[PDB]
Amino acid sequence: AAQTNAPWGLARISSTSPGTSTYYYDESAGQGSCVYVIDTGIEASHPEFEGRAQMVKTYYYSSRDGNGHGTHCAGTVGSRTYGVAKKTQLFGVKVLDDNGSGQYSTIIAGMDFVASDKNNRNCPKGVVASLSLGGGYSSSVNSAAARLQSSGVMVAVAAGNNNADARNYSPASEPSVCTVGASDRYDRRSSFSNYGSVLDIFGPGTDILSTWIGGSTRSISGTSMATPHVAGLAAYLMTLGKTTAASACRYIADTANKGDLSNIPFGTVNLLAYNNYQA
């Protein structure tokens, strides 16, 4: 399948070259997979989600996304226009308040929630969790991410936006999950992207158009935007049967575009997520 005039990041993940605008992908489109977006919530009524999104958990007075961040990330995973995996099922877990903040204890609870809650959902092709959040190093936060991954969920986490070594941030620094840095449309490391040996992969993160609250759209930047590209890619590849939750991060690294990014610090992987789709 081909989506013309796609957001640059979708085009990038199906291309061996920057500078194109059509997204190419197998029509299975992540059908039968599920992606949990652990964030500020999801505006599930947005026409872009086509009834495939739902809130399953909140730790606050509402499950609605009063911020937009979680809706934007969910849109990059799986919205019809802005999403990588256009037929996946999206489940929202609101661990961040409407200012985008959350306590680590709440975030940990939300990760353990997903590890159990997947047993209440139908995801025959597999389960992914997208965590566009983080703060300073916490062994307890890393352990929660490691548990979620061990339970059979492909965990993708943002590297962080400090232009610093991600070893000092959590859950970015957890070795067993997939830690995602950000790139721009010219294949440069995004100016804010964290780096370091704990990163596994880069995805598009600068000037990413996606869904927003109020039934709207907007373009924003962050490792928060790169992470759902990788989460959606994992769901798509799991639906194709090419990999599993336990092996998807390694598979994505194996099949990435290699050595094509600029301003990658020595010791950080130079790998850009790629779907390897041949029409």
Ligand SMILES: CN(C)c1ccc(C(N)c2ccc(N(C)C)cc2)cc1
Second form
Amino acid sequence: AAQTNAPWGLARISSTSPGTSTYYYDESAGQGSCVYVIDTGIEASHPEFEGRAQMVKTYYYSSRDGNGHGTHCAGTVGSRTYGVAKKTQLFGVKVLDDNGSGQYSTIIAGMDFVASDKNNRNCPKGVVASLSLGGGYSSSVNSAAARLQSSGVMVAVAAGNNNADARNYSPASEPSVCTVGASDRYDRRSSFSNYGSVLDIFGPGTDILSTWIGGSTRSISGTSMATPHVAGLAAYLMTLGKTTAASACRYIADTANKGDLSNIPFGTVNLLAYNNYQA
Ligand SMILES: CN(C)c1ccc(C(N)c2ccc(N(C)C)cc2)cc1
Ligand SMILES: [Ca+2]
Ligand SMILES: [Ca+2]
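Show the form deposited with the ligand bound, please, because up to now only the form solved without the ligand has appeared in this conversation.
Below is the whole assembly, all chains and molecules, this chain first.
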């Protein structure tokens, strides 16, 4: 399959070179996989999700995404137009308030929730969790991410947006999950992207067009936008049977575009997520 005039990020993950505008992907499109987006919620009624999204848990008064961030991330995972895995199903877990903030205890609860909840869902091709959030180092936040990964879920987390070593941020600093840095359309490390030896992979993160609340769309930037590209790609690869939840981060790194990125500090991986699609 091919999507013409795709958002640049989608094109980039299906090309060995920057500058292309077509997203090439297998028609299976992540069907049979499930991705939990742990964030400010998801506007499930957005036409772009085609009824494939639903809220399963909130830690606040409502399950509504009153912010937009969660809906944007979910759109990059699995919306029709802006999504990597266009037939996956999406589950929203609202651990962040409508200001985009949340306490560590709530975030931890949301991760434990997913580890249990996945046992009540029909996801024959596997389960992914996308965490576009983070804060200062916390061993208990890292431990919750490690548990989620251990339980059989492919955990993708944002590196953070402080142009600093991700070792001082959580859950980015948890080695057992897949920590994702951001790149721009010219194959440079995004100016805000964290870096460091704990990074596993880079994905498109600068000027990412996706779904927004009120049935709208907008372009925003962050390692928050890179993470759902990798989460979507994981779901896509699991559906194809190329990898499992336990080994998906390693498979993505193994099959990545290598050495294409500029402005990568010594000690940080030069690896950009790539779907290896061959028609
Ligand atoms: C410091 N830390 C762990 C962290 C910081 C920022 C973010 C992030 N999602 C973010 C930060 C800034 C902005 N802007 C627009 C300033 C957007 C997203 C995530 C983690
Ligand atoms: Ca290349
Ligand atoms: Ca890792």
